[PDB]
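Q: The primary structure of each chain is shown beneath.
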Amino acid sequence: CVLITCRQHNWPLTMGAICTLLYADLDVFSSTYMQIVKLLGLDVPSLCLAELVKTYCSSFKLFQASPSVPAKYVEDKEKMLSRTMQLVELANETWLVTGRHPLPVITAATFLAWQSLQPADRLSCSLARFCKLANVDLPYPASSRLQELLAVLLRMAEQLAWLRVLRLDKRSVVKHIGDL
Amino acid sequence: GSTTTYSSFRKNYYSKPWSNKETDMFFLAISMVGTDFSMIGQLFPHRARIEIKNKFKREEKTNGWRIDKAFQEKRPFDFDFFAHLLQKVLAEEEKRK
DNA sequence: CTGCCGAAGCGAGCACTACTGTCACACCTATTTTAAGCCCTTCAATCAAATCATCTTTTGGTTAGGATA
DNA sequence: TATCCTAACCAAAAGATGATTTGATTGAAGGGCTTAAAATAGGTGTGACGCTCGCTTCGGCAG
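In order, the protein sequence lines correspond to chains S and T. So for the first sequence, the deposited numbering puts the first residue at 121; every next one is plus one. So for the second sequence, the deposited numbering puts the first residue at 286; every next one is plus one.
In short, the hints are calculated from the structure, not lab data. Incorrect hints may have been included.
As the list claims (entries may be wrong) - In silico contact screen, one side only, chain T against chain S (beta carbon under 10 Å); selected entries:
{"#": "1", "residue": "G286"}
{"#": "2", "residue": "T288"}
{"#": "3", "residue": "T289"}
Don't be surprised by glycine CBs; every beta carbon is placed ideally from N, CA and C.
Please take these sequences and the hints and turn them into a complete structure.
A: Shown next as structure tokens:
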């Protein structure tokens, strides 16, 4: 009920946050949700892609220094959120989001945006090595989305000679997205 | 605990892969028992009845001809003999490996 | 030897605990075909970092290339 | 001689360089399951329900 209520007012929320409390299980509450919605025939919006990023990105601990994240890890929220918006706009039109869980897409986009804002200090990091410093947990499909997007950017790069001349690959392309 | 409680479908747990000699023994049981997946599950205590049904479904995709060939290769049925054969052949597989 | 009637005392309306049982139906048994995703080992195949074998520049230092004292 | 400077170069210091194995990364599958449907059979176990006139108490004599 609260899920549908928040959806009517497009208030951001996700299933896991709710189900952590109710002793719930995916089958149980998903089936109950389908039953209630099809019983009452109520209309309800979907999770807008940009709706959830605003609160999700603000949850990171990258915006101020800490022993887990020295300055070389600290970053400004505005730049990375703009980069992630510029990445998700690529994701959907490339069919990447349809039929998939979105939060893996957001996780991969944020990880790579943070890396490429200071890659010299950040190309040495890793998905888990990142997420643990900000007290974040990551999807396994995050790697799948990362491979997909890396393929997409390597496909993108060959269209420009002054990017093609560098013979970009997985190792190097991360620092060039600012130009792409 | 953190708000980023990732959720994904976990019903696809890691089950032990099926052995080749175990598959041969499954076909032998098809020949000598039939398609009674409950009694097969008793014969294969390592495998529950739902695993037996899954094995049937996977094998029938291409090896349905072998299912029929085994089913027509009928044999007298003995639980004790089947158990001894299973354990002995698995031990011999371990020794060969 | 009863009791009248005094003296001391307090009071308030105005202050521009539940079952509990029946009972009915949620709950199951049985499955079959998509079609995407998500899921952990597990094997098979390949990629990546530290070490080993090897080349080079200086300090110690000679012969030899050179010099003073 | 006894010694230093110092081309070339031994020897090691030290500075560093190409290839290999081993630690690590990886694709895809092993394998497992869901919604969308058709359904009828048998059941058992949960859980609906600031005074100041009025009014009260009790001793000390009259008759």
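Q: Decide, hint by hint, whether the structure agrees.
A: Right, here's what the structure says about each hint:
{"no.": "1", "hint": "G286", "verdict": "holds (8 Å)"}
{"no.": "2", "hint": "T288", "verdict": "holds (6 Å)"}
{"no.": "3", "hint": "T289", "verdict": "holds (5 Å)"}
Checked against the numbered hints listed earlier, the structure breaks none of them; every hint is satisfied.
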